[PDB]
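What follows is an incomplete set of chains from the complex, kept in their original frame.
Chain IDs A and B follow the sequence of writing; residue 1 opens each chain.
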Amino acid sequence: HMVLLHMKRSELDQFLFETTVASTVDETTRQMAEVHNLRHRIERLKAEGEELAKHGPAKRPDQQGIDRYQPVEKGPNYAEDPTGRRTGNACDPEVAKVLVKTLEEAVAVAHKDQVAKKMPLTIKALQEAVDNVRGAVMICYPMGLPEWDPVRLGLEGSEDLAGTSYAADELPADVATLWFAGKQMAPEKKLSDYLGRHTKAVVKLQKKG
Amino acid sequence: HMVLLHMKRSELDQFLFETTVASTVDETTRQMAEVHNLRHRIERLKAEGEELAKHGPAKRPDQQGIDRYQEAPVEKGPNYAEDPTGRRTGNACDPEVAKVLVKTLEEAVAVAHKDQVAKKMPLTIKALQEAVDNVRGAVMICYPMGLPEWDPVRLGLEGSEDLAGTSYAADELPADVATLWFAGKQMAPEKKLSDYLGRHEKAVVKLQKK
């Protein structure tokens, strides 16, 4: 039948996942890595999405700097970014509360607290939460965001996490491995070959590097 | 539109409940009284079930007394453990199957605990009733003969306790006299929740009885 897997990397990096106990390690590793990467995308969307809500679109990374120490185009809802990373020309505050709400919902869908609530995560639920944030983003900035905006990159899965503290979080499908009781399950074998056809199992995602 | 109600009587006597803001006050009050009564059934079920797990079935209420000071010789089974309160016979199940009962009681308490409010988890009648059914199932594995009609665990499992004259009667809120209170005033049963909370706004409320 089915097995309930508990991917636990840390007390904040963990989720539950349900699948066929007859499925390959290879297929399970890829599905859970896609879930894992979606969770951490959602965490980053919330930090950047809230900055977008306060201060509008990102400046291009080579053009950062705090506005006062520079001619500036000030729109109706202008709010100077103290970090100099966004233009300051935020959306109207009434639609901004909608954007903040879809971000809070998305984080809740993927939060570690879901493990206590015995709720397994799926790729489709995480992708659906990301799609709602995209919809809110299009309401507040119907023009769309620039190509370099971390919010846009997060919604598209196109961020480059190289050189950040977040690179270790990312587990690309081609190097993701799955470990149980401190040993690597071989991708070719079936989950039953390690766990039997008979309750929850703690496992851990890792990357070859 | 949905409303999240926070029934708060005290820091341990509280829960969340979700319903349509268009529902009548009366039907919400009845539904929440049933949720409330199940919570207190489960708390009593936990204290009594743990006594059942350690000491076996209840003595009939008129025949209580500690086994050693009884003129008659107590018929001691394999897992006999003298109840120091003299309320149960002492003839408990095997201690390893007893862990099944103890565990289902702990789960029932968890389903209904005040801790679920912090976890933002609303309670439902079916979830609380289902936890009681699991305790029933554990009881039938630990005592396959069943319990006597007077055993508080059986009565709790059945909804047949008589709490009159006890400290537990103030906990019980029968559907026909339960009331619902908001911002320190009693909501009228005829009205809809919307008449007090808006069509699209959480609301702290309080169950009381007439």
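Structure notes:
By definition in this document, contacts are C-beta pairs under 8 Å (C-beta built on N, C-alpha and C of every residue); 3 or more make two chains touch, one makes a residue touch a chain.
Shown chains number 2; the total number of identical copies in the complete complex of this file is 4.
Operating definition for what follows: only the chains that are shown with their structure count from here on.
Chain B has its Cα centroid 41 Å from the Cα centroid of chain A. Chain A contributes residues 113, 116-117 to its touches with chain B in the complex. Those residues of chain B lying in contact with chain A across their complex are 119, 121.
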